[PDB]
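Only a single protein chain was left out; the remaining protein chains are all shown in position.
Per-chain numbering from 1; labels A, B, C and D assigned in written order.
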Amino acid sequence: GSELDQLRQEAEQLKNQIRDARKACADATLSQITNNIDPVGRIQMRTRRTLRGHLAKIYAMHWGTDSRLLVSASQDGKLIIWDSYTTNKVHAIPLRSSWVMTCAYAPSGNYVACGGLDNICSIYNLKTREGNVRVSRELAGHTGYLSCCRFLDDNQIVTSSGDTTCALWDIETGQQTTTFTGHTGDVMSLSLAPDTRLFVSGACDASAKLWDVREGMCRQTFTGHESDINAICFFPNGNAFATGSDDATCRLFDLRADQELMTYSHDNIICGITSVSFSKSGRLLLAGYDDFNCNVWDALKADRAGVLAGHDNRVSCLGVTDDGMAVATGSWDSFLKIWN
Amino acid sequence: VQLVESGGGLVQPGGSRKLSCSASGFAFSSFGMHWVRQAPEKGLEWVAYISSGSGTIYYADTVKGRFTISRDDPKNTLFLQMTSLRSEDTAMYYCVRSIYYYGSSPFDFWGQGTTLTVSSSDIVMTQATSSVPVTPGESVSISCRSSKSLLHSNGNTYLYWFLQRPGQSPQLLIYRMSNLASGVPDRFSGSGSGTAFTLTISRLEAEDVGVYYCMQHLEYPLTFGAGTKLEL
Amino acid sequence: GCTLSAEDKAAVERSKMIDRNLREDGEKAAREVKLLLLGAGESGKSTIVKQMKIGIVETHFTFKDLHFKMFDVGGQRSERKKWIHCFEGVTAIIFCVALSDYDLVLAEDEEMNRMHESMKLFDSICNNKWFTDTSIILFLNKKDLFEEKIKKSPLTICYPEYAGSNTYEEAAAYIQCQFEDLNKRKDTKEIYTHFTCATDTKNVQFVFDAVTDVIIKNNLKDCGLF
Amino acid sequence: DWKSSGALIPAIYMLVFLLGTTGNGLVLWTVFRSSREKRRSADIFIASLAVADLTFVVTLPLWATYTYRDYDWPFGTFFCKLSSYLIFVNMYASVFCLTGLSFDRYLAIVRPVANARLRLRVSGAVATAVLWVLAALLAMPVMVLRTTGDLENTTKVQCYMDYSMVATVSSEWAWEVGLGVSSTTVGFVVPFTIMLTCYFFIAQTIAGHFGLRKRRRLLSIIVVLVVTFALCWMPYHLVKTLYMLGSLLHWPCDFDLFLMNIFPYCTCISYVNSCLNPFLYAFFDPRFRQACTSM
Partner (left out) sequence: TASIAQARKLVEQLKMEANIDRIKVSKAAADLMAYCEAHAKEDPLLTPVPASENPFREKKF
């Protein structure tokens, strides 16, 4: 048969089989299990520090691996490295393109990445013999704006772009070694696994995918949202992750079961979620919102346990230190705060 | 990186001399600069310090009101105005760069120096065993002591180690009593507790022969100790 | 601080210098004009509007000691709503439309001529949430084709409910009014119109006058008098 | 006297203490309890005008009981030097805030491309730090040349500006006329000319750049500001100079009783200016009305 009639119906039955298999392995909800445990009391946090000096909106930040330094990117074409203990500026790096939308910190402390609205990811060298900060490599192989970038080691980095592709690079040569394809809409974020052997991404077609870094193509696909996905993060264990979309909701997904676990929403919340982060023990889930304030969720019972108010505009960034000492939040009014 | 000094020579007592150094190969405008003195067959002696941006200037008690330091950012030149001299300043003057931020390592590049043969509450750091016979392939230990405790409330321990090979300029080995410098072998190590400090060096070679100094940076003025000349 | 060590005062001074540099360079970016250059497909924006002087594409020029920055986002080809709020503080928006298009149909859809989706794009951009109080500069290019096309093929092809003299001036005025009536704010936003074609100068001057007016009105509203 | 029998002056002084305190209380409160994302180049000047006005009337009841009796003073000598200092200092501070607010508007409207740098150095916090300082340096003699003097016996003790402390006889007249004149040229005349000139160039910029509703509203507000200020502060400064000139102008008793009679009402006129000042500058802003009304 020349016409493609029978092959079109093949995908319809295959989708049903996965749906049926998922239902067959749903014994009980998470609420029924974590019901008798003692709920966490009210969580009160105070603004210990307030870092100022940015003159425009702040779009991203990343914590250092020693839990003392952090980097911040703003739409005035500046990268700043802070000292959170003493509120000191260690470096100030000017950018060639001021439309930056992401930033990252090397897990060794020698390198810093950038990019956005230019299809180009720039790598900066911090430990330099002549005493300044210079751009070392300039990766350019994308056709859409850059959304996220995460360092693998001193010589590998993975980026996601708005052209529905993610790429694994080799900074020594500057050439893509693997390309991850399959997303329909633009990809907005990604999260690296604790062991750096897998990663997940969220795109504008309201879906999430789990990739394999070594071999290089998709393994599982998670659905359930009803709008764009702007934030994603990994559970500290490594067997779950959480997504934050644009329909004023957050969700928890399980890799080993391919199931919905929990939903974190309330009636008086109608704006979207811009950020998501976890706690060291994996008990507190923090999320930023467009109603100018952040929220703290008890991840085991879905109840709300606190509010982080004090920002005068949208909350766009959110991060927790490696030792769980503090929490930093950025916002569109050009102020960062540390909460303890 | 490069640092070349010029302006030496003999000076009759009471006169004045001009000293300058030229920096080429690095961002000179973000690095504080020092002057360090060494008399013939004696130890090191800190002289002055000018910060980044000409904001803060310090001096030694011996030269306060008599020596002046100046910076020339556009052409990357560091000066030292030298007023009325005496028959005591006969020594060799070095130039050292230093940068201060969280995690930096000051006293990286030490320049070369220029001969200056003149015609005719402070923390105390002590060193012993000025001469020690050594053999290759073994291990030897060097000890330096202080009067006041160098442990600050933030946990830092401002103790430094340097090496002056025969006929060469001092080079940094260990800064803050625990961190190894850049471009040095892993054999060197350092340890201490509060007041007594010990430098551990193992598997010496022919290039390990020289004099080792201990310096404190807890507060100004900076005091240099004596040295131990390792001999084959 | 009286308890700081010798190596912390130097770090504090370094931070002070960093802050001074940031502040000094941040007041030079408030004395330049940022123009988001939009338009339609094959509307002649690159022919004259981007040629009148000398991913994202950026252009710089100076006219009567005033600094301009033009941002061309024609080649992006992505979801517009995910990056349209980046240009939330631009001074104005430049729009280029070819009015010799009323007879020419779209290269992909033959149902309607490209003028209709040009109007649709204008409506969508003008009534945006992020551009409530940002004025718009409107350009009507290649007017040397319009009169000789209208002397044979009249405006009835594009506008069937129009009744006029079928001459150049009346048709141009009707098109201008039709485009200007799409505004829905009428109090916080103003639209400036111009006929460009390919003429010697008279475009940078128009942009300079419009941005001067916008600056004056913005300052007047900010200082209190409104 | 006894033409003030029917003593509205104690009543008017007390009445002004009501509207002149709560009116600026709303302005002061909503400025410091609002978001900092607006910073509309005027909150510094609006706040300074409230501070220079709130204290200007906070001392009012002390002088309300003074005229209620037959010129008594049960509040001692220290207050007679401290009550007068808080009135004269804030009389010079408000008239300087209006001039500074008018010059800031000129630099931002008439030529906003050639005065961009000039508006950065001398304006904002730089200008507000010199009007407060110069105000204190000009109301210094009120602390020095003030002592509870006397009369026949001043059985009802009185507070007045003692004049024999500095100069002896045949010289105190200069400290009476010369000191008073300096409070007029700098207090009223020079600041008034600046606002007259600054608002005329702003006048021939809205007419030449504007529909017909914003062109009619903005031109009508500007004419109120230059008329209300001149109408309220003129009667006080005109009589004082009339009374001061009597030292050389041999005005008979038929007139000198009229100047002292109507002077207490002249001070009342200048006080209602402080009552409507929050309306003319701060509350005549729709984005500012919605701030305090919601809060």
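FYI, a contact is a pair of C-beta atoms (placed from the backbone, for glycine too) under 8 Å apart; a residue touches a chain by one contact, two chains touch by 3 or more.
Across the entire complex, the residue among A:26, A:140 or A:270 in touch with the chain not shown is A:26. Check A:173, A:239, A:263 or A:265 against the missing chain and you find that the one touching it is A:239. Contact with the chain that does not appear here is found for just one residue of A:166, A:208, A:327 or A:336, A:327. Taking the whole complex into account, chain A touches the unshown chain at residues 2, 4, 7-8, 10-11, 14-15, 17-18, 21-22, 25-30, 33-34, 37, 40, 43, 45-46, 48-49, 84-85, 182, 217-221, 235-237, 239-240, 254, 256-259, 261, 279-284, 300, 320, 323-327, 338, 340.
Note that only the chains that are shown with their structure count from here on.
In this assembly, the C-alpha centroid of chain A lies 59 Å from the C-alpha centroid of chain D.
Remark: chain A and chain B have CA centroids separated by 48 Å (rounded to whole angstrom). Annotation for chain D: no residues touch 2 or more other chains. Within chain C, residues 8, 11, 14 each touch two or more of the remaining chains.
Residue ranges on chain D touching chain C, taken from their complex, read 40-42, 104-105, 108-109, 112-113, 116, 120, 202, 205-206, 209, 214, 218, 221-222, 281, 285.
Considering their complex, residues 312-313, 333 of chain A touch chain D.
Listed in rising order, the residues of chain A touching chain B in the complex are 68-69, 83, 88, 90-91, 129-132.
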